[PDB]
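One chain comes next, on its own, written as structure tokens: the form deposited in one PDB entry.
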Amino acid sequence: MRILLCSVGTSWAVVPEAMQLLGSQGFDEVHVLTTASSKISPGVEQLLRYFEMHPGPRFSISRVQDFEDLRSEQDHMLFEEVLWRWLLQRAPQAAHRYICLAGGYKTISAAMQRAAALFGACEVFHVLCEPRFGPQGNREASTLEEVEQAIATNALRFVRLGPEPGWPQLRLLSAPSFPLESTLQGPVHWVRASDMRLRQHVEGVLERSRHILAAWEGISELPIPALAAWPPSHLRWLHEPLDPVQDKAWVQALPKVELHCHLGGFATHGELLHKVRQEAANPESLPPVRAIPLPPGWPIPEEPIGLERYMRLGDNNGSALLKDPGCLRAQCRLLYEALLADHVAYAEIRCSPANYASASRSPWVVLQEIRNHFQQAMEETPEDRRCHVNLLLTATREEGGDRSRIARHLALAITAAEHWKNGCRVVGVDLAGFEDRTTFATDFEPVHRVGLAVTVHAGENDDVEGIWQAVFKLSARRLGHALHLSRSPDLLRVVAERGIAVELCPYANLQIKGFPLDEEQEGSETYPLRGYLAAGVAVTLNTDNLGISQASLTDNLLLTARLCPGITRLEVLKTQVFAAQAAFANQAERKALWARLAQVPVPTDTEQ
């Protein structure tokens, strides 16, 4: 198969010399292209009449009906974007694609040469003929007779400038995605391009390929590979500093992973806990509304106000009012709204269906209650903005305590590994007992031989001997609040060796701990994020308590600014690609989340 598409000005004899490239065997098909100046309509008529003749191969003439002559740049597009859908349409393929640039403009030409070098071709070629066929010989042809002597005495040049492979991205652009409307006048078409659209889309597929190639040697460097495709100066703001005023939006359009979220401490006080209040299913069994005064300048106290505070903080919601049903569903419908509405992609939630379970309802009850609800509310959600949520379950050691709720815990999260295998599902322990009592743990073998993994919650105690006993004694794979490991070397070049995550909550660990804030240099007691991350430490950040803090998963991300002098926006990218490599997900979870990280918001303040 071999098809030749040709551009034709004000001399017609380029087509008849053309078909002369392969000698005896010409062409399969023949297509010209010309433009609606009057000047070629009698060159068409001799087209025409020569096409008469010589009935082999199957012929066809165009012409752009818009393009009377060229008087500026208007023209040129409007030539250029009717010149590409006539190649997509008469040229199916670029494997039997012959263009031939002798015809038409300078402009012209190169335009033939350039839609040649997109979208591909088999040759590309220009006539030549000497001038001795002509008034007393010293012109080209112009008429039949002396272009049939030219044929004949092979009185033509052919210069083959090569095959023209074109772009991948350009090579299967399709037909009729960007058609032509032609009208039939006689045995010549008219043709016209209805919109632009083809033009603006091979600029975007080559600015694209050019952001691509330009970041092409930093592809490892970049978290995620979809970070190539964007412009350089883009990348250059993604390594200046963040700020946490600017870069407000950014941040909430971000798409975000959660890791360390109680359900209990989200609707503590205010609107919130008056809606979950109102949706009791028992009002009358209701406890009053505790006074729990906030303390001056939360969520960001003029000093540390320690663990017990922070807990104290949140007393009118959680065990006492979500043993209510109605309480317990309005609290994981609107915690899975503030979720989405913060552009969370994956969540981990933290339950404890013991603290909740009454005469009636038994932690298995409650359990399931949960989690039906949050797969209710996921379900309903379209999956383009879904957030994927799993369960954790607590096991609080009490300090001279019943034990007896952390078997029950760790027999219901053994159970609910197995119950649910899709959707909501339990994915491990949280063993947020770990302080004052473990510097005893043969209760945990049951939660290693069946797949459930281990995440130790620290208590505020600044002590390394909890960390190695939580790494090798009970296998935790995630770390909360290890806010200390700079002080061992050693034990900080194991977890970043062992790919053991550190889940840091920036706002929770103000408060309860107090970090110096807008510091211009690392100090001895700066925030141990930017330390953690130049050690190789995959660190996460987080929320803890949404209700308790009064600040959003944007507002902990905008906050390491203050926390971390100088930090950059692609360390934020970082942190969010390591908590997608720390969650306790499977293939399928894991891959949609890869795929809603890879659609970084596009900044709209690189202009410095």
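Numbering follows the first chain given and starts at 1. Compared with the form deposited in another entry:
- The hinge between the rigid parts that move between these two forms is at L213; the other choices in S362, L213, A111, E525 are more than 12 positions from any hinge.
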Contents of the next structure:
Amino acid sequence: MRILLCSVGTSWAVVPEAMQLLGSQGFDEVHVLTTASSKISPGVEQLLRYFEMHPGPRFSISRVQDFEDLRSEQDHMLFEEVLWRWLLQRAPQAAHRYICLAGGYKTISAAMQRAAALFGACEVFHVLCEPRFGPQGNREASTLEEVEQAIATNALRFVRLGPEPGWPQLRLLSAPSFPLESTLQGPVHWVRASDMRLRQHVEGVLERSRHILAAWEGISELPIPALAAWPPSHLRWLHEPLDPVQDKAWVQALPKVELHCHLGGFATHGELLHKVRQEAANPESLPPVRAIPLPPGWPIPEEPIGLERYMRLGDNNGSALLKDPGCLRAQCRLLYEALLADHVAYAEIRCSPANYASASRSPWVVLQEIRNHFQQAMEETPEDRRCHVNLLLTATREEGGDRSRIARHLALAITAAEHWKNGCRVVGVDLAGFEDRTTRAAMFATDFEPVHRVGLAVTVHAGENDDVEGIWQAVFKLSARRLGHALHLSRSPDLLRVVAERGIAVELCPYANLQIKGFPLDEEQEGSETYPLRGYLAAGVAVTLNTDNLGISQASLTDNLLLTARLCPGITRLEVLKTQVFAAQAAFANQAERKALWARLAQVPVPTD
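With the form deposited in one PDB entry done, generate the form deposited in another entry in the same format.
Partners and other molecules have been left off, which leaves just the chain.
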């Protein structure tokens, strides 16, 4: 809890004097950093003597290797880097520090205070002992018996200066980020600094701190303000192309947003299918496993397979299995686990409760059970590990919008919108079948005004066919906020400009689009038939990268982000961060959900290169 450092330049007796700041409350964990000269050797020996004569708090002394006396600016920079590394390692928490300024022979105290200013503390103080000590009773206490005479019969006054909270940018730095090499050559720690990397980090943070004109246009336009704390080299690494094989660890560790994830396309083949098939409540009404051979090369097929073949790939799950309550529970828990393993911070799961509704299970029962499964899954999860799952309701069935089904669907959506305000809740409706004319006419003939009034947003499956007019009508007559796919916006620059200026999100799915429609892979220049992601980002379009069916596509979200280097050659890692930012901004999340998601996306993993 409490940590006391009080680095020793000389005069070992300062440290035992400094551990009586709190009194009969203790200093919990105690560490010491010192210059490893011959003079200190008696001092460190006597510090060990005092430590062994008074048990209690953890005791560690760290002498610096190849540093015998601070003698210049460079000998001070070396100790300053070692001080910062030992500080971050021995006191990991940003505000658990009781920094002691006493005991500096040459600028040690100044550097210690400056480190307190730069990294933070909760008490930067100085210790004074009365001069009623020594052989003649005229100096301070510099002996074990003198130290005890000081501790008892109170003679210690403590000048507290302040907590000094420290720089916000430098508080993100930790010991694992900057390893410090230590050798236990005895009971005393022996520390050396390998590279001057903390020093460069801190100085770079402090340069743009005082830079006025040079700082601007060098860190601006950056999608996340936390990236302005990033080193200039880590920012250059962001403006360079994504590596699909080297940046896999980075993308996997990236907090991500999922806005397009159908529930019924998750456990459609393999072990997940047989798990959702074994958690069944009724194991004898369960449909047989239909032989569905995956296309050769899956998830990357040699030729596009089309939409109907893609849909029939997910025929072992969906309405087949999820009408069983046990299968639906297994499906929801396993999909939440798959979202957890992929570092998905926020997710909007598209579900169609009527497709999973049985004779004894009305659509509202199915929807309520799905919501409760996801709510339990999130409630069993720590808040900085949690994925906030929201729910969307889908309007399926190409070729015919029978007015009875949309009315049941939208009414269910409206009832569920007002039933839950916290945790998992229904936040919108997804309008599938938009790629027809009868279902599309039924959608535009349906009144979505109650949906708009209750706070539900609208998404549409877009751009599978080059239908600009359908996009126009969904945007302005349906008040849709997001477009699914929409792979042919670039053909009409006017619709591009409208979508970009109105902030309408485009939900791109790399593997799904590649498998259903087909796109170039590993091309050298852009061309005409290339995936439209780069051209949408250049237009100013809020592009979001999602899956569609985790099972049918046989892919996670991180793999989908990895493919963008193969689908769009030259895509940078900053563009991936921008895509995550667009997905966060476009999510149908309320205030608390949005703040939580933006708090999770500020924790972008640092590049390990």
